[PDB]
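Just the one chain here, the form deposited without adenosine monophosphate (AMP), laid out as structure tokens.
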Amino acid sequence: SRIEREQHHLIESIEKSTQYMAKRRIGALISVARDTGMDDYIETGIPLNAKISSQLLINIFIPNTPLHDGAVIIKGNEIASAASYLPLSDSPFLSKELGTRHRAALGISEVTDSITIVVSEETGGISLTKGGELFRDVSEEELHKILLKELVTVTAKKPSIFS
């Protein structure tokens, strides 16, 4: 448990799972809690309290399965819940071409500092919401830089479990 290792593993787990789902046009909605709490939305889903892995993220979103219909919420170093409610944005600025997953990702971003990642089941495009804004159809490089900037808070320092 060396925080920096955990944060980089989280980034890699999001990258690998979203890449897998994007190629197959599997819809996905993954919200990562930061300083603002997501606890009430965690309570709306199915509790997992699971180790983060790309494999589990993929298995969650397989269509027509018990865990797929809603958001995954990641809290600290766990996949806290699946099939969670997120508030829908009412914004008329969000394109009508985008679906409920994007509107849900935009809505949680308007009321928390969470970072939310969407895979479109229509296009396979990957999008990201933060602070009421949408980053639509980001490339792999762009997704990587954003996740690095927003989910990694520690620089090169001495590894220690007590960090």
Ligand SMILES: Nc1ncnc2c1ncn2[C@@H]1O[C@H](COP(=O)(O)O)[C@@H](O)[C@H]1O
The other form holds:
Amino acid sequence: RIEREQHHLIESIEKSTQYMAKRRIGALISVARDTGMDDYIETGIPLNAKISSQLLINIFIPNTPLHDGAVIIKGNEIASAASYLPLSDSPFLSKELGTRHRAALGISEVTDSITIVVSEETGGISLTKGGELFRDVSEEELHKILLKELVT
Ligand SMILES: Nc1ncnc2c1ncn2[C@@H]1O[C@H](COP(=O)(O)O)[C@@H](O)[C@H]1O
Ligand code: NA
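Show the form solved in complex with adenosine monophosphate (AMP), please, because up to now only the form deposited without adenosine monophosphate (AMP) has appeared in this conversation.
Starting with the chain above, the whole complex follows.
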């Protein structure tokens, strides 16, 4: 069932981001939707892998081949790792945030994707959507947002 994959995806993002937030591991996960992100998948290393919290964690371990860039989830697959996303040049984004946030903001400005960031500085979890940034969200807030936006 597609609903079982969607709840598994939400659960996979929740557990992986909690694990990386606790250890201040930077992360950048873009979930494609109606708007295609195929051009950005082509920039990364193709995985075409089943979604799991364990694989998402292993990708973002620092100083590893797959950690430098964005993971893109498409359908029920982790499509790619270490992909480029377009950077926002918006001057409204706080300068205390990192390039991952700028990339999450940039992709959200030109797609309808949902993008999750884990800051390697603070461990806070942020989300971008439609050019907006939800900064340092709680587990409860992250859960409700993913439920509302990823479950059809
Ligand atoms: N255009 C981009 N698209 C996706 N991820 C990026 C991009 N530029 C930088 N990154 C990520 O941000 C990290 C560097 O962050 P910083 O040290 O704040 O510049 C890189 O190692 C990548 O993981
Ligand atoms: Na596969």
